[PDB]
Every structure is written in C-alpha cells, then in structure tokens.
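Protein chains: 2
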Amino acid sequence: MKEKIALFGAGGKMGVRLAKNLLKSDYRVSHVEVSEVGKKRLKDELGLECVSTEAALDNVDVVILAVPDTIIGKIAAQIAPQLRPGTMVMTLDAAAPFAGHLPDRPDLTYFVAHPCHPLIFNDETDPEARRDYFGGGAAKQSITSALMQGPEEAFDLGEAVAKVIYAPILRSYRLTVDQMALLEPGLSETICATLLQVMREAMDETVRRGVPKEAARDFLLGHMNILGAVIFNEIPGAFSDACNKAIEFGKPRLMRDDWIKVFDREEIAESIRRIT
Amino acid sequence: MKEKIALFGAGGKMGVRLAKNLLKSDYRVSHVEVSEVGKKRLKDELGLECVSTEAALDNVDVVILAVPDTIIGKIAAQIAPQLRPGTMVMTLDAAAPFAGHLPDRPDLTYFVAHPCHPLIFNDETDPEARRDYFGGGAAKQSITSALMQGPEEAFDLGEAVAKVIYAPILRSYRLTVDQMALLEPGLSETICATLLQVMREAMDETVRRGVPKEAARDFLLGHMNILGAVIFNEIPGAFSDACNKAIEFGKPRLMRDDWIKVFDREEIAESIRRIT
Ligand SMILES: NC(=O)c1ccc[n+]([C@@H]2O[C@H](COP(=O)([O-])OP(=O)(O)OC[C@H]3O[C@@H](n4cnc5c(N)ncnc54)[C@H](O)[C@@H]3O)[C@@H](O)[C@H]2O)c1
Ligand SMILES: NC(=O)c1ccc[n+]([C@@H]2O[C@H](COP(=O)([O-])OP(=O)(O)OC[C@H]3O[C@@H](n4cnc5c(N)ncnc54)[C@H](O)[C@@H]3O)[C@@H](O)[C@H]2O)c1
Ligand SMILES: [Ca+2]
Ligand SMILES: [Ca+2]
Ligand SMILES: [Zn+2]
Ligand SMILES: [Zn+2]
Numbered sequence: 001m002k003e004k005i006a007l008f009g010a011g012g013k014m015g016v017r018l019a020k021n022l023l024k025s026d027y028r029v030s031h032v033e034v035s036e037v038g039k040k041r042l043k044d045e046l047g048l049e050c051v052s053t054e055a056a057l058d059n060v061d062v063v064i065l066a067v068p069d070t071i072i073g074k075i076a077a078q079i080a081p082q083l084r085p086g087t088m089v090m091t092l093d094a095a096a097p098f099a100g101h102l103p104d105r106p107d108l109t110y111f112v113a114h115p116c117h118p119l120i121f122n123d124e125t126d127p128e129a130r131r132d133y134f135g136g137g138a139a140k141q142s143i144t145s146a147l148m149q150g151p152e153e154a155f156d157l158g159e160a161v162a163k164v165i166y167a168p169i170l171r172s173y174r175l176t177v178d179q180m181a182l183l184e185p186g187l188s189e190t191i192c193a194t195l196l197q198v199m200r201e202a203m204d205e206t207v208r209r210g211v212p213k214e215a216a217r218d219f220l221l222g223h224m225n226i227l228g229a230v231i232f233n234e235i236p237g238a239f240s241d242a243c244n245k246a247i248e249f250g251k252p253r254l255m256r257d258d259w260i261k262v263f264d265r266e267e268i269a270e271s272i273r274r275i276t
Numbered sequence: 001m002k003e004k005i006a007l008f009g010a011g012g013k014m015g016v017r018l019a020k021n022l023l024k025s026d027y028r029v030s031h032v033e034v035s036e037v038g039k040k041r042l043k044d045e046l047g048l049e050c051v052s053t054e055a056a057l058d059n060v061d062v063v064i065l066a067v068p069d070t071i072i073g074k075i076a077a078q079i080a081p082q083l084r085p086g087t088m089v090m091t092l093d094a095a096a097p098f099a100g101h102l103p104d105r106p107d108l109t110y111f112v113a114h115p116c117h118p119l120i121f122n123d124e125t126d127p128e129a130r131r132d133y134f135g136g137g138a139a140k141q142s143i144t145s146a147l148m149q150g151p152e153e154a155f156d157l158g159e160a161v162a163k164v165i166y167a168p169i170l171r172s173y174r175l176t177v178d179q180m181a182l183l184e185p186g187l188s189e190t191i192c193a194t195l196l197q198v199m200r201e202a203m204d205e206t207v208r209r210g211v212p213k214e215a216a217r218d219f220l221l222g223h224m225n226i227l228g229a230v231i232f233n234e235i236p237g238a239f240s241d242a243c244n245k246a247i248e249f250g251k252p253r254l255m256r257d258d259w260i261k262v263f264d265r266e267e268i269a270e271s272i273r274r275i276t
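Chains as they are written, first to last, in the entry's author numbering: chain A, 1 to 276; chain A', 1 to 276. A prime marks a further copy of an entry chain.
Because the hints were derived from the structure by calculation, they are not lab data. If a hint is listed, it holds; no wrong ones were tucked in.
Same chains, same names: a pair is fine if it fits in one copy or spans any two.
Dumping the calculated DSS-like pairs for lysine-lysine here, alpha-carbon to alpha-carbon at most 25 Å:
#1 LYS24 x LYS43
#2 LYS251 x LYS261
#3 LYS213 x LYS163
#4 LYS261 x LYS213
#5 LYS213 x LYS140
#6 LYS39 x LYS13
#7 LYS245 x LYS74
#8 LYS13 x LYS43
#9 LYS2 x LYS43
#10 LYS245 x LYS13
#11 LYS43 x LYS4
#12 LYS24 x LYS13
#13 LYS163 x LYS140
#14 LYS4 x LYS74
Hey, can you work out the whole structure from these sequences and the hints?
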C-alpha cells in the first residue's frame, strides 16, 4: 500500500479515467463526487462507491482536483483548511494555478500534471493502442509536470502519481507552470486547434466548390501525413521547390504578421483569464 | 501483356517509384531518361535499361511524363508529333495541364493522376505499411484522376494505369482538372503546408522560450492526434468549452479575414503560374 489520494470530481470525464488507472496501482484512493450521474458511472463502470469530503481527507497525502478549471479555486478554498502542511494539491491543467487561484498557503505542496496524448506519428504494434487517441488506455503518452510549490522531494511523488493516472507512459518531463502555459493554451489550443479548424474550413470549401467530400478528406489527411512527417523530422526528406514556393507566398497570404506574439506573457495570461 | 507505356523521366524521384510498381504488372514499359545518375539508379535498383525516345514511342498507347512541371510543356511539344491520334499523354500533377501547357492536339487523350498519400489516421496492421508515409510501397493510398480530353472510355484505361503506379490503393476518385487545382496547390500546399510550417514555428518558439525541445514536440504531436481525430471525424467527440474559446479568439488573432479567398480562381491560377 502506498500514499492515500483523495480524488475530487471522480465521476467526470478525467475522473473516471484516473479512477480506472488508479485501481490498477497500490495507492489507497477515496473518491468524491457531487453529481448523481457521476456517482452512477463510477458504480456501474468500476464498482466504486463515493465518500464524504471528511472521509476522503482523513490522513490524505495527495488531493487531485479533477474538477472544472473555473471552480478549482473555489473548491481548493473549501478544502484547504482540512489539509495539513506538506499535503499535495494536484491539478490536471496549468490554467487555474497560473491564474493564482490556489489558496495562500506557503506550507502546502502544489503540483500540476497534464498529458501530451499519444503522438500522431507512432508505431504502436498493438492495433488497440493504434486506436487510443486520448491516452490512458493502451497507447503510450508523454506527460508534463510542474512542482509549483513545495520541497524538491515532492516532485518525485507527484510525478509517480502522474505516471500512474496517465499510464502507459512514453516520456515524463519536468516544466515550470509558466512553461506549461506556453504549451496550453498557447501551442495546443490557440495555435494547433485554431489551425486545424482552418484546415477543416479549407477542406469544406473545396467540397462546396464541387470536390467530392471523401476525396477532399483523403487528399488533406494523406498530404498532412507526408508533409507533417517531413516538417516534424519523423522521416528524412525536404520539401520540393513547389511546396516551398507555396509556403513562401502562403505565410503572408494567410497569417497576420504578428501571429507569433500569442506567446507573449500578456497574451497567454489573457487566454487563461478567459477560461478560468 | 497489356498496353505499351513510355515512361519519360524514369530515373527521377517519381520515375523510379513508378518503374518499380510497373515491373509488377503486365504492362509493356519503355523507360526514357536523360541523366546518367538516373540511368544508374534504374540499372542498379531495378536492373532496367533505358531506350531512345523513338524506341519508347514506337506503337505506344500511354506516355507518362514523370518530368518536372516547368518542362512538361516543352517535352510534350517535342514528342507530340510522334504520337498518333488516341494516344494518352499522362501527367502526375495538375499544374502544367491547368496552365494550358499541353499541345494543341484535339485528337490526343490527356489524363492527370495524383496520389493522396496514406492517411495520417490509418490502422495499417502491417508495421511496414505504418512507416510508408509516401505511398506506393506498403501502405494503401487513395488517388485522384482527371480525363482532361479524350473519349469517356479512356478514363478507364488511365485509372487502371494510375492504380498500378500508385499501388496499393485505398479509394480512386474522378475529378476535373479545375478540382485537382483546388486540391493542389490550394488545399495541400497553400493551406496545409503553410499551416504546418506555422505550427512548427510555434513549437520552435516555445523551445526558444525554455520549453525542453522533446517536450514541445511530444505535446504538439499528441494534441494534433486527439484534436485532429475529433475535427476530422475519425472518432466521435466534441471540443471542450476551453478549446472552443481558444478557436473563437484564435481565428481573428492569427488569420487574415480574407484567407479563404485563396480558393478563388484567380488566386489558384497565380499559384500555378509560380510553379510552371
Ligand atoms: N477533458 C479533457 O480532455 C482534459 C484533458 C487534460 C486535462 N483536463 C483537466 O481535467 C480537469 C477536470 O476536467 P474534466 O474534463 O474531467 O471536467 P468534467 O466537467 O467532465 O468533470 C468535472 C467533475 O467534477 C465534479 N464536481 C463539480 N464540483 C465538484 C465538487 N465540489 N466536489 C466534487 N466533485 C465536483 C463534476 O460533477 C464532474 O463530475 C480540469 O482541470 C481539466 O482542464 C481535461
Ligand atoms: N516528388 C513528389 O513528391 C511528387 C508527388 C506527386 C507528383 N509529382 C509529380 O511528378 C512529376 C515528376 O516529379 P519528380 O519529383 O519525380 O521530379 P524529378 O526532378 O525528381 O525527376 C524528373 C526526372 O525527369 C528527367 N528528365 C528531365 N528532362 C527529361 C527529358 N527531356 N526526357 C526524359 N527525362 C527527363 C530528369 O533527369 C529526372 O530524372 C511532376 O509532375 C511532379 O509534380 C511529384
Ligand atoms: Ca486546458
Ligand atoms: Ca504539385
Ligand atoms: Zn491538453
Ligand atoms: Zn500532392
């Protein structure tokens, strides 16, 4: 038996995934969930019963707040007076921690752990791993963690828990909370999600103009494969002169000249205000 | 034995791939290559000897111009007087045909066939197929073809050849040359290549700012997997409110408001002028 964990939001989207992976470890886990629906999922899918806050917090080592980001501060403030010095409070996302929503408690340990998801270019032999897009099922994924406050020794404990809840694991990285914020919302959402949206809009426009729907989808997804594999150095190669010409003109044609300033601290901080 | 094919540019990047796949069919093929280097590749890799134009064109049914797009017109003009009515001249790209570079010969058949490449989201059981990014090796790919001129019956012949040179095949679509031009340069190069470039630039910027290099790469490529799979309906699901918020603000933050006008005919035509 290892440390005691209290999992709040245990019946939510991340809650049930964590509960499922924690059942396969030696951690002692108490599950806290307010919704009937979530309590039912836990019961039906995992055979787990939920307990009260007081029961969950009794001799707790690690508190995982798998609750929405907009209420991490509120929930942390409710429970913090029950937490002894040296208890770890762990979030699964850097937003609420970055925004300064966690309690003013220098004596607590604050840890964030966010998954990468399985790589788009991967050679999972297991077909079931090839179809695990999210991670935490069969395909390996890298993780990113930050020790925001606490002793250096607590990093190891937080990282161990992270490796269990997100298993199976590829690589495990240590970052700061500021770096985590550059990654998300900055890189994965402001950049990646928006530009995939644009690609889908472009695809839809060629279909509007009469390209068969499935043809446009195959063409885009196949060119994304080869182009992405080269640009991201998954394989050797170099773009043809034609492709470079397209980027040459395509950059100023599509993009605002100041697009990369999304990574400025003021812009990152504002993106986090909007979702907290 | 089936139709006779003359493969020009037989020792180039596409030439050797086509030669390799045509060796596994019943087509009778003559190979024409001007460079010593290319003649050597054919000889060494495939055991094939090259022949003269005159020999290659004698009783030819299909001429494949696997030569650079900037000289398809010139090369087609050189050889066209040797081609009898009803001979197919086939290109592997829509650019030179769209630009009107092919000879003024109403009596010839003009056919374009361009591959999709293997889909970025695929469940190839064969690991060797999982690592074929380009296509024409082990992984299946969809193809797009156009009969630009000639009788309806010639489509079938062109498509058969296309299925052999690009094998193995997923789906085979029939398009117009105008539609092919929307797909490339429009969708795959002006859009897709440019936006992957932007994603790589963003990734590089988070590394400049201190994110570990491999962490940034894993994070981006893993989020591309899950986000792309949802946006392109490879799996069910819907973006969280946070992710939608990022796109909401991200679209006007990153993109020129007129970006989708790249698909206007004038812009497509100009993109093709630059590469022909
Ligand atoms: N969904 C994702 O893809 C994803 C990926 C990585 C990280 N995360 C992070 O996971 C965390 C949770 O997100 P989610 O998507 O699972 O949210 P969710 O809305 O699906 O689940 C939240 C759960 O918290 C419960 N809850 C609300 N108030 C509570 C309380 N006072 N006490 C106990 N439980 C309470 C809800 O009833 C619900 O079951 C967030 O920090 C989010 O950013 C989410
Ligand atoms: N490379 C790609 O990824 C790709 C993908 C799909 C389609 N295509 C299309 O394939 C065609 C050929 O492109 P490539 O990348 O193979 O080019 P390449 O430059 O690699 O090969 C061209 C070959 O043509 C030969 N050649 C030049 N002049 C010739 C002549 N007068 N007679 C005979 N041979 C001659 C060259 O010596 C060379 O070996 C183009 O239409 C291109 O758009 C290329
Ligand atoms: Ca987030
Ligand atoms: Ca092209
Ligand atoms: Zn994320
Ligand atoms: Zn292409």
